[PDB]
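One chain follows as C-alpha cells, the form deposited without the named molecule.
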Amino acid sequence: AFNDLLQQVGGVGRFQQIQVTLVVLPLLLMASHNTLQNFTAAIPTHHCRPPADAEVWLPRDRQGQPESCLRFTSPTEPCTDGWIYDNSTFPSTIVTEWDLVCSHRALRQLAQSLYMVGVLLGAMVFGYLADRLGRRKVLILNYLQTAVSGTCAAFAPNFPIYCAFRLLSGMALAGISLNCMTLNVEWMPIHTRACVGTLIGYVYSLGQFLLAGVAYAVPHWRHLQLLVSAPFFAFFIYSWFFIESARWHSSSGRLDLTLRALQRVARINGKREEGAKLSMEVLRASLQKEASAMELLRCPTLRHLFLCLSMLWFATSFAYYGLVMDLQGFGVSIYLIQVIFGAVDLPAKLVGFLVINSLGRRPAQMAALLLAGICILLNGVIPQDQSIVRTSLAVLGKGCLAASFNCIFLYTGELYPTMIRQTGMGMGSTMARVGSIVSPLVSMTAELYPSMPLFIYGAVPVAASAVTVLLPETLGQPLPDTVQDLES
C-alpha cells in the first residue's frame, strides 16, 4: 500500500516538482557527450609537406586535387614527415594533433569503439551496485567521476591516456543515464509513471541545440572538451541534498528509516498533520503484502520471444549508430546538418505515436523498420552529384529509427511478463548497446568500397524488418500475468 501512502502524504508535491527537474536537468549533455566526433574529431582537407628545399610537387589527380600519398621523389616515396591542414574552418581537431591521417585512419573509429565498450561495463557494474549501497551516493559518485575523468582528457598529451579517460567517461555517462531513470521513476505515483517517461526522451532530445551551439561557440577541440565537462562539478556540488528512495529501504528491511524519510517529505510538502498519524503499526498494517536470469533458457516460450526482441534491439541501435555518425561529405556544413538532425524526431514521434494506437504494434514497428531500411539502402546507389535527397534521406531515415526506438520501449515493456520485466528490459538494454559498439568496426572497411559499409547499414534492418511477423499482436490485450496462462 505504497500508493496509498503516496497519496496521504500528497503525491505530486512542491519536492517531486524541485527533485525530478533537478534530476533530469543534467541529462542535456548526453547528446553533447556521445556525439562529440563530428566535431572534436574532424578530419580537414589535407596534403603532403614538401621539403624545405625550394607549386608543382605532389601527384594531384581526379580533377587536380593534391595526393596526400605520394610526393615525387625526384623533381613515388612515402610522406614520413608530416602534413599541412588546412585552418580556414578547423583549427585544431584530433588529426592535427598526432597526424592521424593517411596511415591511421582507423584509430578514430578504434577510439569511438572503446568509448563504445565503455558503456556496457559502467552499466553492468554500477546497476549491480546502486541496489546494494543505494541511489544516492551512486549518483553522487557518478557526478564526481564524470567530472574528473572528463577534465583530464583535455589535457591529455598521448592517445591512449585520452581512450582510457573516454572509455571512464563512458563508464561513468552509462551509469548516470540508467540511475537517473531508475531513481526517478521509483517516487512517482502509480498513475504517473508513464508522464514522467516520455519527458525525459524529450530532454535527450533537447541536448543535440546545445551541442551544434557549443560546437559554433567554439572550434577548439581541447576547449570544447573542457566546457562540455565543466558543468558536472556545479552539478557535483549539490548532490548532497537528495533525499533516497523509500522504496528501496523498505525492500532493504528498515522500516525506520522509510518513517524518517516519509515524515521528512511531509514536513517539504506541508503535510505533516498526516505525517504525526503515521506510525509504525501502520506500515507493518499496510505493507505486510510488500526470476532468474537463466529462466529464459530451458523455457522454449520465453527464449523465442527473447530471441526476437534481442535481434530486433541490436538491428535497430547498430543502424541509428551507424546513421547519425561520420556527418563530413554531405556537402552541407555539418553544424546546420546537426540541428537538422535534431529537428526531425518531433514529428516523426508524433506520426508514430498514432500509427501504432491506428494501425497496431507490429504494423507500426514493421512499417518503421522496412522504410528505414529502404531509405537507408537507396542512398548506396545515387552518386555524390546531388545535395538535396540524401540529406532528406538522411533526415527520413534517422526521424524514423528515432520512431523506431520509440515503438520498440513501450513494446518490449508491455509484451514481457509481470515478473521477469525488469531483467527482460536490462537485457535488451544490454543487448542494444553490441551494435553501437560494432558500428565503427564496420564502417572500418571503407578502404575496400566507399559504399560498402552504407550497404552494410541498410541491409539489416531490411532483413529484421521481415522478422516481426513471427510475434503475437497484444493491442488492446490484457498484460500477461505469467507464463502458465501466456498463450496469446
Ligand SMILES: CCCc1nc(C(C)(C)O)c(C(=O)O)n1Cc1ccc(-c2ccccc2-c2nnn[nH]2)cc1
Contents of the next structure:
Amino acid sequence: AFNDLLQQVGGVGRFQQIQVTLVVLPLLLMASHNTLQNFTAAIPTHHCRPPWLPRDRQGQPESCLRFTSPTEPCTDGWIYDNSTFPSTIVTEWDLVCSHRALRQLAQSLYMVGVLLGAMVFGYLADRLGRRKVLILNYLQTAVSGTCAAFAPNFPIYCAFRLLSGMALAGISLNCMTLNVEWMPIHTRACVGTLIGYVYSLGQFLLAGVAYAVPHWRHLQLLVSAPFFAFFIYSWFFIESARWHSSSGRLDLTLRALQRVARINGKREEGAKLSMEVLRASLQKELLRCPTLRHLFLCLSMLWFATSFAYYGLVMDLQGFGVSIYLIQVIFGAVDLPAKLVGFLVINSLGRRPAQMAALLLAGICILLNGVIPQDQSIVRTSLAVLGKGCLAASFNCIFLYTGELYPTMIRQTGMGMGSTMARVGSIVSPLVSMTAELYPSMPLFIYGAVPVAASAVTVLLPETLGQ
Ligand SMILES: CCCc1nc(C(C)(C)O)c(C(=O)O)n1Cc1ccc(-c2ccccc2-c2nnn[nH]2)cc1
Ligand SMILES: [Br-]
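Having seen the form deposited without the named molecule, I'd like the form deposited with the named molecule bound now, please.
Every chain and every other molecule in the complex is listed next, the one we just looked at coming first.
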C-alpha cells in the first residue's frame, strides 16, 4: 500500500508541513478574486451630465434622465461620486442604466472561465502532471490579472478576467489534489478542513486590502501581484509520487520518495527503499447506471442550489445600509460560528436533517429580505448575515455528505463533477441578477426560492450517519 510507504519517510514531516503551507497560501487570495467584482465594480451614486435633473419619488435625482430645458436621455455623459469610490469599472466605461447588464456580464464571463478551468486543467493534470499544471496556473493568473488591470476598454477586461478564471480553477483543483497525494490517510480530514478554513479567511483579507486601496486598477493589480511571487517559488514543488506510479514512471517515484527522506531527516529509511522494494510495495457512468443516476441528480441539485444562492448574496453586499467594508468583515466573521453549529449538529443529528435545516433556514432568510422594507437596515442586514452563515454551513455539509454517499469507485469522479455543477450555479447567479431591471426584488425572490425547493431533494437521499 502507498499509504504505509508514505509513512516510511515519516508520514507528516518537515517536507509535508513546508509544502502544504506554501500550496495552501494562495488560497487566501482565491476568495478575493471570486469577490473582487464587488469592490472593483461597485456602483456609486450618479446622475446625468448637464451641458436639469428630475428627481424621483424618493427625493434623489433620477438617474440617466435630464430635462431638455431648465425629458431626454444622457448624451454628454454622467457625473459620479468620488466620496467613497474614487474609481471603479462602472465609472470608467459608463456601465450604468442602459448598460447595467455589462457589469454583471463581467462576473458571468469570469465564472465561465472558472468552469472551463476545472474542465480543461483537470484533464491537463492527468496527462502532464500536478506540479507542472500548478506552475502554469500561478503564472497565468498573474499575467492575466495584471493585464486586466490595464485593460483599455471593456471587452479586453472581460477576456482577461476569463483567463484569470481558468487559472484560478486549476489552482484550487490542484491545491487539494496535490496536498492529499503527499499526505497520509490518517491526516486526510485535517487537510480537508484546513482548505475550507483557509478559504474562509480570504474574506477578511479582501476587506483589509480594499479599504486601503479603493481604486479598481490598483486593487486589481495588488490582488494579482503576489501570484508572480508565488510562481517564483512554485518551481520548488515535488510532484505527487502516487501520480508518477499511475503514469508508469516508478523510477521517478523512487527518486521523489528518496528526496523526501533526506528533507525529513530520516535518510536511513530512504536508503533502504529501492526499486525492488518500491515495486513490491506498490503492486496494487454517473447517468449510465440507474443506481448511481438517481443518486446523482439529488446530489447535483444540492450542489447547484447551494452555490446558486451563495453568489447571489455575496455579490450583492451593497444596498444593506452599511458600508461594504464593514459588511465584508461581518460576512466573513459569521463563517466560523456557522461551521461550529453545523459541525456539532451534523455529528449529533445527522448529515441529512442538518443539510435540510441549513438549506431551508438559508432560503427563508434570503426570501424574507425582499419582503422586509428597505428602511429597516439593521434587521435586513442581520437576516442577510444569518442567511450567509446558513449557506456556508450547507457547503460544509454537502462536501461531507457527497463523499459518504458515493461508492469508492466513483467517489472521486462524483465529487469532481459534483463541484463542477456547483460552478454552473455561480454562472447563472449573475445572469439572474440581470433581471433586476424588470422588478427590483425579483432577483432576491429567486435566490430565496431555489434553496427552499432544494430542501425537498435532501429528503430523497439516504442518511449516512453511523453507516
Ligand atoms: C465558499 C465557496 C464555495 C465554492 N466556490 C466554488 C468556486 C469558486 C465556483 O470554484 C466552489 C466549487 O469549486 O464548486 N465551491 C464549492 C465548495 C464546497 C466545499 C468547500 C469546502 C468546505 C469545507 C472544507 C473544505 C472545502 C474544500 N474542499 N476543497 N476545496 N475546499 C469549498 C468549496
Ligand atoms: Br474553488
